[PDB]
Amino acid sequence: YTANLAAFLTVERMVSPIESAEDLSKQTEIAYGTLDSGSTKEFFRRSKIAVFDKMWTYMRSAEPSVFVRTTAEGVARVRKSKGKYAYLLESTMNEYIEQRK
Amino acid sequence: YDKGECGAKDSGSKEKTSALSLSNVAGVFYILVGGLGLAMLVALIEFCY
Numbered sequence: 616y617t618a619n620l621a622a623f624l625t626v627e628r629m630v631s632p633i634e635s636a637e638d639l640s641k642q643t644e645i646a647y648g649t650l651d652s653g654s655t656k657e658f659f660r661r662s663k664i665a666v667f668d669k670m671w672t673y674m675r676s677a678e679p680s681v682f683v684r685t686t687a688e689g690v691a692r693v694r695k696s697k698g699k700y701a702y703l704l705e706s707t708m709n710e711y712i713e714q715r716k
Numbered sequence: 768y769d770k771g772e773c774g775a776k777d778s779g780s781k782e783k784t785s786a787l788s789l790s791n792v793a794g795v796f797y798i799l800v801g802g803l804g805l806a807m808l809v810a811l812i813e814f815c816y
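Quick note, the sequences are listed as chains A and B, same order.
Take 616 as the starting number for the first sequence in the entry's author numbering and just add one per residue.
Take 768 as the starting number for the second sequence in the entry's author numbering and just add one per residue.
Keep in mind that a hint or two might mislead.
As a list, the in silico DMTMM-like pairs of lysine to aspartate or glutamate whose alpha-carbon atoms are at most 20 Å apart [to be verified]:
| # | chain 1 | residue 1 | chain 2 | residue 2 |
| --- | --- | --- | --- | --- |
| 1 | B | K770 | A | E644 |
| 2 | A | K695 | A | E637 |
| 3 | B | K781 | A | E637 |
| 4 | A | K656 | A | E688 |
| 5 | A | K669 | B | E772 |
In case anyone wonders, no lab produced these hints; they're calculated from the structure.
Construct the complete structure from the given sequences, taking the supplied hints into account.
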């Protein structure tokens with residue numbers, strides 16, 4: 616009994632996911648995606664950075680589709696995925712939804 | 768690999784699952800009821816001798 620209790624404490628003591636772009640690209644439980652047509656998706660397409668090209672090749676072939684039609688659907692999916700989904704977008708719109716109910 | 772669903776990072780320590788089981792609980796019981804039935808196989812011979 617005392618042996619099983621210490622395992623779960625250490626798994627969560629790992630504190631995941633940490634805040635970064637690569638930690639989001641390293642695990643696939645909590646999936647992630649962007650917008651279908653816009654300056655956000657085209658960013659990862661022609662990115663010659665190893666960390667970002669990895670994120671592109673994931674989402675370019677991530678199934679089910681991690682993309683969305685509009686931005687209103689993207690915020691609604693992060694809420695109903697129980698934290699198993701993340702959304703990438705500009706920092707401006709990201710900071711206004713955090714300050715709206 | 769890239770088009771693969773089970774990605775090369777899906778097996779690279781992706782998740783840390785954990786849950787206690789009763790899987791091997793038997794082994795311990797697997798030796799005491801054999802003693803509860805043995806302490807009972809030797810007890811009934813001391814209340815008569």
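Outcome of the hint check:
no. : hint             : verdict
1   : B:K770 to A:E644 : holds, 17 Å
2   : A:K695 to A:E637 : violated, 23 Å
3   : B:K781 to A:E637 : holds, 13 Å
4   : A:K656 to A:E688 : holds, 16 Å
5   : A:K669 to B:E772 : holds, 15 Å
When each numbered hint is compared with the structure, a violation occurs for hint 2 only.
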